[PDB]
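**Student:** What follows is each chain in one-letter form.
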Amino acid sequence: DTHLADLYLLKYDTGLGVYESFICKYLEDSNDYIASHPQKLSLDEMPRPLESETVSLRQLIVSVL
Amino acid sequence: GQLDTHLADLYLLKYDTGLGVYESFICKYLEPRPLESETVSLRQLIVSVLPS
Amino acid sequence: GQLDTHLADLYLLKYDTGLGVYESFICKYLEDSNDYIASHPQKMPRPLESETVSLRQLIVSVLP
Amino acid sequence: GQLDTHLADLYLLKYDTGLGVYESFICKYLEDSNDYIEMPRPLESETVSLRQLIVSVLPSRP
Amino acid sequence: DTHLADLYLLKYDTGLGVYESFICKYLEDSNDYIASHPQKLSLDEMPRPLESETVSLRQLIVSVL
Amino acid sequence: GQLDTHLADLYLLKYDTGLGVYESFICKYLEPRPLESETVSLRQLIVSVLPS
Amino acid sequence: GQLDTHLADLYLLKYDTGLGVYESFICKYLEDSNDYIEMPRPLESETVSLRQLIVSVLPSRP
Amino acid sequence: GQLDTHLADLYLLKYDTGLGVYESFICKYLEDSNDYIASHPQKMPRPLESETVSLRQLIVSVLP
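Going down the list, the protein sequences come from chains A, B, C, D, E, F, G and H.
In case it helps, this note's numbering puts the first sequence at residues 1186 to 1250.
In case it helps, this note's numbering puts the second sequence at residues 1233 to 1284.
In case it helps, this note's numbering puts the third sequence at residues 177 to 240.
In case it helps, this note's numbering puts the fourth sequence at residues 299 to 360.
In case it helps, this note's numbering puts the fifth sequence at residues 1186 to 1250.
In case it helps, this note's numbering puts the sixth sequence at residues 1233 to 1284.
In case it helps, this note's numbering puts the seventh sequence at residues 299 to 360.
In case it helps, this note's numbering puts the eighth sequence at residues 177 to 240.
No lab work stands behind these hints: they were computed from the structure.
Backbone N, C-alpha and C define an ideal beta-carbon position, used for all residues, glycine too.
Some hints here could point you the wrong way.
What the hints assert, rightly or not - If you anchor each label on the Cβ, the simulated ranges turn out as follows: (1) D/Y334 / G/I352: 24 to 32 Å; (2) E/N1216 / B/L1282: 22 to 30 Å; (3) E/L1226 / F/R1275: 14 to 22 Å; (4) F/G1233 / E/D1191: 26 to 34 Å; (5) D/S358 / E/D1186: 54 to 62 Å; (6) F/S1280 / E/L1226: 39 to 47 Å; (7) H/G194 / A/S1215: 26 to 34 Å; (8) C/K219 / F/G1250: 44 to 52 Å; (9) D/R359 / B/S1280: 16 to 24 Å.
Stated by the list, open to error - Distance condition first, Cα-Cα at most 30 Å in a straight line; then the derived DSS-like pairs of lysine-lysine: (10) A/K1196 / C/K204; (11) B/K1246 / A/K1210; (12) E/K1210 / G/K326; (13) D/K326 / C/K204; (14) A/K1196 / D/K326; (15) G/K326 / F/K1246; (16) G/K326 / E/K1196; (17) A/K1196 / A/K1210; (18) E/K1225 / C/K204; (19) B/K1246 / A/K1196; (20) A/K1210 / C/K204; (21) H/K219 / G/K326; (22) D/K312 / E/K1225; (23) A/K1210 / G/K312; (24) E/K1210 / G/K312; (25) E/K1225 / D/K326; (26) A/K1210 / D/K312; (27) C/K204 / C/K219; (28) F/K1246 / E/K1196; (29) D/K326 / D/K312; (30) D/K312 / C/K219; (31) A/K1196 / D/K312; (32) A/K1225 / A/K1210; (33) B/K1246 / C/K204; (34) E/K1225 / F/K1246; (35) A/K1196 / G/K312; (36) E/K1196 / A/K1210; (37) D/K326 / E/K1196.
Based on the sequences and whatever the hints tell you, model everything.
**Tutor:** What follows is the structure, encoded as structure tokens:
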């Protein structure tokens, strides 16, 4: 069952007593290269999108039936 | 009417990762809202249908 | 404004241009509000394909 | 850049099913990378019509 | 062990009593979309590169240690 | 001398799939040769090193 | 198109190891897609030098 | 002109520009013909990294 794309469910607390929810396509790729820390020399893999402490992210996958 | 709703509530969302870079997304808001937060910024997308 | 309505009815779509090449798209189907056969006296999944258009539905799942 | 690429080649696509109804989709066109053994694209057909969906981005609010 | 790229070992009989061998990068992607028959309406998957009857192709994968 | 050898014997290779499309590759020849065939066409790549 | 993309951003890269020898590589540059919170690229450093590898394609023979 | 010489010594390479960003490359190492220490009286894998350059070797294998 071949993987076509990823989507992300993003949820974040505003600061005003409500959270906001979005279904999202991550803006990336064309190149899709391996990804590493933007602030450190290490080549250890750090997959994108990077997560924030203030934003909940869950990944979904879109595949062909 | 259904086209209008499908093309509505679309956003460019950008968040601060805490690692000195932003991540950006094209999104549908799952419904002035949506509100931003300190680390999440929003830009509304508008869709025009070119007539044929 | 909820997850299942936005993510339902996603398709790959391919059609014959009649000019020697096929066009492909990744798509969201726009369900018709009313059923065009609702009141036909001789009352078929939707979306329907055609002689020149093929569809393959997509599946959304959670990253395991 | 990434944005412009993502927002390119979006279409409202409508086709004649041959059964008295037309089906409509909002779509991303998949650019044809085949090297055939050179027309403008995507092409409509007798039964498929296309309208371009053009996306503009508003400034970020205050 | 994360997959980075594919390479192809291509070998073909010339017609003059010798075969030629090459180690190759396939020119594709940027988009990397699912691939189907170039001459038929079917959306059945037909992964690229397509093979020829006259060219032997074996795929290698490049990954990070 | 070793740079020259590494930048040598590079080709754009294109073959007829039999399905009405060509497939193309950037390649190193594993060594006038290489010869083409009826379905495989070759173009030599040349690499210039811009001085600094 | 695909060709031009593949042949872009190729470099001969040489760096000072700090141990009396320099190491040399032939390379493809990986374009930096980070959105930092805008210089010309790739940048050399004090110890890394770059030379562009420019590829031309000969016509197909008879 | 054989497979193992062309495909040996492939690397990811990343370095600190000293200007707040790192540059990354996918690379083929050019092995030095002679060993620079061959005749040093105090005779270390190659390639050597540096304070500002990191390397991660790549592996080539057959599609299973």
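**Student:** Go through the numbered hints given earlier and state which of them the structure violates, listing their numbers in rising order.
**Tutor:** Violated hints (numbers, rising): 3, 5, 21, 23, 31, 35, 36, 37; every other hint is consistent with the structure.
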